[PDB]
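Take a look at this one chain, the form solved without this ligand, written out in structure tokens.
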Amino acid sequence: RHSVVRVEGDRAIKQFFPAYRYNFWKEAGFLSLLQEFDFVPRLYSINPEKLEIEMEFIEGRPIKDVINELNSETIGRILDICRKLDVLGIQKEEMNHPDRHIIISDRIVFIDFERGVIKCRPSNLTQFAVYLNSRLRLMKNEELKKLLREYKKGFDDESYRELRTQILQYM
């Protein structure tokens, strides 16, 4: 609704509709701030006159196509990226509906940052954990909800490791 992506070679061009200049800049800003990491597309150019962002085309399958086939190693890698975004202070949003926004090949790429916001304690990992439990039925809410409460309280490396192992044992 906010934008259209067209693929031209190995580049994806995301053009926002004119009403959504605000989201255009958030996408450009957060992609720029995440270029030191390998879990976002490369950013090649921005054109505010056309509200166009030129970026790397990401080959692979969206998570919604493979979520039930994914092994524990791969899920752990996705949890690491959510945790990284938590630590960076970037709340990507809609991480409980990542169906079309995590692209899986030999690597894991997150796409679509146009709703990102800065926050002290982001909800990337716990939004994703709701999705993960919704698709894999790892456990009942009361157990998952307790696990998310403990991570949120501590919110350090130790709290994360406990959540990580306590999620992945279940698979």
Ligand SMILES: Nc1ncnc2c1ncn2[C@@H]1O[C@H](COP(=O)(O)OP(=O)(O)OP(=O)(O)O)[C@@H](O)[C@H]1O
Given for the second form:
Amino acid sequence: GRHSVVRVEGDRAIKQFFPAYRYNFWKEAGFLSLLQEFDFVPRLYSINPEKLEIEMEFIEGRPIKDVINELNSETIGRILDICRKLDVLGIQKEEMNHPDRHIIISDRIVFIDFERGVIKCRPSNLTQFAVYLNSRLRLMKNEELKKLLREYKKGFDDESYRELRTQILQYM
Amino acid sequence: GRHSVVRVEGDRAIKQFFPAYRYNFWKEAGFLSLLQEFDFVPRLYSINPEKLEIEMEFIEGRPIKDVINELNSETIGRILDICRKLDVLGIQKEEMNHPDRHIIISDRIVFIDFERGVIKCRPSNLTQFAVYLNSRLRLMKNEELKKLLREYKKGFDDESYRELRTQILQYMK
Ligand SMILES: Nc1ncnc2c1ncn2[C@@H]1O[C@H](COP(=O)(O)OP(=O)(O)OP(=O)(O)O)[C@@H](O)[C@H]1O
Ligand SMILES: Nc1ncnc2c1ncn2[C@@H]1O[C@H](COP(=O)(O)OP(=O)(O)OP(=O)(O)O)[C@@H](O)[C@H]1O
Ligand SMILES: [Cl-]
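The form solved without this ligand done, now the form deposited with this ligand bound:
What follows is the whole complex; the chain from before opens it.
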């Protein structure tokens, strides 16, 4: 169930939303704009509301699904850090338990696809990503995971994050 | 000390940010985009990051600074409702205690200037705007307002919004 068609021209990815998804067009544009101050989203080049088209930087890399088993704890911690950033910012990207196509890995790490984003006081980017990570790497038992995730969600502060971070990385 | 120059071509306001305020260009673009589903912001037409330009709908109306003392309580209540809507959405627009130039009034009510916005769990749109209103209309003592605004921030649900809305409007001439 897709909301858009993405084509590539030169160095740009052009995402054209179907007309029934104008709502998602604007959230994609909005959250990409609000995240330009950081290095973990594509550069945004243009919006065209009449065509529901967003033109942005094409990110060269591998999607997380193709290399998840080869990522070192270095790189996993950098991804966890980005999720924590989104949590702190108030942006619930959604589908972070299925980031398969939406984390692009090279020398850098870039997230794509913000069209389902919503603003939330306590987003679920880290906890959703943790579920995906445990499903793919089988780092621990679900109950142990929910213990750590309930601890982070209750505290939702840097201390609670640093504890959860090191605890996920230790299972690697 | 402004962050931009705004010019008008046809029915469009074109806001061009100075290069030192690229950061604010993106917040203006972002929050206008996130608010296009609502009718109280300009339509956004285009962004040009190389020029730090945003092209948007020109809003015809009178700025609130020019009509505040003549606005009726129904109209004030509509403005309060828009501040509440931003509160519920999580968008702190900032400078709502100096909205003089940034609320444009006609048959409709439209807010402009989101370049200083920030996401917050409990924004201060309504609480800042209440201070502007008390400064211009002299509704009550500063201490009374401050109690009412803390009660709103403590509750922050629809019922406690309605209470603060009523408490503010009841004092109007
Ligand atoms: N900036 C980009 N750089 C590189 N590849 C991109 C970029 N944007 C999109 N793509 C590619 O295009 C695909 C489709 O884009 P995207 O994932 O944003 O939408 P989708 O999930 O297919 O559709 P929707 O979310 O609208 O239902 C991505 O999975 C990715 O392979
Ligand atoms: N969409 C619009 N429709 C009509 N007039 C507009 C619009 N956008 C801006 N203006 C006019 O241009 C003026 C300047 O724009 P704006 O206040 O957004 O930016 P600014 O002068 O850089 O302010 P600040 O530095 O406080 O952000 C406004 O006070 C208003 O008179
Ligand atoms: Cl009246």
